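Next up: just one chain, as structure tokens, the form deposited in one PDB entry.
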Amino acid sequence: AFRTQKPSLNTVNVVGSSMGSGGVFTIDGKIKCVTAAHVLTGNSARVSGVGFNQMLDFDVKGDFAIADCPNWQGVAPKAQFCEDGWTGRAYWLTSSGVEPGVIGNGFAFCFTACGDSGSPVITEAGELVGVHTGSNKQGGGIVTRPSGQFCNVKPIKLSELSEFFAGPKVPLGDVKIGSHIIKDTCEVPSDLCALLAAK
């Protein structure tokens, strides 16, 4: 809905013990690929994309997985790991398109689904936050950082979520919310209400 129709160019499919996503970036001069550990079969998966297909082996910390792949001839955007404790708007580079979301203090918010595990999560400045791990199917996200630390699906204030969205306040209306959200307001910035109603 708020997902693009096509993935970004550096987004890849990643198949190991299940099918998920990943992406390719230039980090520390080297072209690398990140995804979620749990989609790999052991430490390996077949990484496919436009003009690419090759098995790769990943270094792993918790659900975070990274690999060298110097055969990538496509674009590999520069991306460093963002500072720990960074919060803000971000993008989930999934295999079925880019979905917008939020990285907050101890939480993540984004509408994701099966096949999205492994998606890179990057800041609006292109810095890498981590990779998508999973969700409660209601916007409550699990993101894992290169350290291996992660956020769980914990209760959040609608008011706190709202701080990450611009636009004048509008009534929620009949828009259903998501059971991990503490509904501490019936009015929300328009960008957020448009996102919530698109779920």
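Shifts are known only where both forms have a C-alpha. Between two forms, the rigid core is defined as the largest C-alpha subset superposing within 1.5 Å. Residue numbers count along the first chain shown, from 1. First, how it differs from the form deposited in another entry.
- Here the rigid core is superposed between these two forms, and of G51, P70, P168, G42 the C-alpha of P168 is the only one to shift by 2 Å or more.
- Core-aligned CA deviation for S159 between these two forms: 2 Å or greater.
- Shown in the overlay between these two forms, fitted on the rigid core, is a CA shift at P100 smaller than 2 Å.
- With the core held fixed between these two forms, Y91 has its Cα displaced by under 2 Å.
- Relative to the superposed core, shifted segments between these two forms, defined as three or more consecutive residues with every Cα moved by 2 Å or more, span 111-115, 152-198.
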The other form holds:
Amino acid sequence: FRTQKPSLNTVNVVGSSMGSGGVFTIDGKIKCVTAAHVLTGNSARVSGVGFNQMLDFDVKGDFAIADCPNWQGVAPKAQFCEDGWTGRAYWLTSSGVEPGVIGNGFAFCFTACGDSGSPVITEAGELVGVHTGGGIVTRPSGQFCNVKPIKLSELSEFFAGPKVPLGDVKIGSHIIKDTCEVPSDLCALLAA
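Show the form deposited in another entry, please, the one above being the form deposited in one PDB entry.
Partners and other molecules omitted; one chain follows.
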């Protein structure tokens, strides 16, 4: 499930503990998002490709956001995702981008969710929040949703591809196996 390389906008964040984060252009400003608990107070050393600097963060609950105007790297445009939004999502972790989904009142990732502070972005490129340590996703307001198991049938709702027999593909404990037929794309992902 891990991409091979982290995205170019993924950063390491180190304050009182180890975290990661991501850089986006939000309302025309380059911003770094991470988890507030990893900071030394509200500060951290933020490093990525072509960047290494101490930043101070605005904090809301366990959500932390910093201005980073010296960031010369990749900073994809993002807005906070609309309230109520559900669909496929992606965790930007230090080992690569990992797929998951956001449902009503919960999140689900196909793997480990990365360090605390890993950004969670929608299929439309919008920022859901950041991962905190299978954990919680903390939204910009400081409110959160818990990472929870998911029924295979409900996970199937986020995938297209014609229905196929799941056959022998193994499913971890984070998926509740309530069906043995799945969309082909989901089957392929699970078998990969």
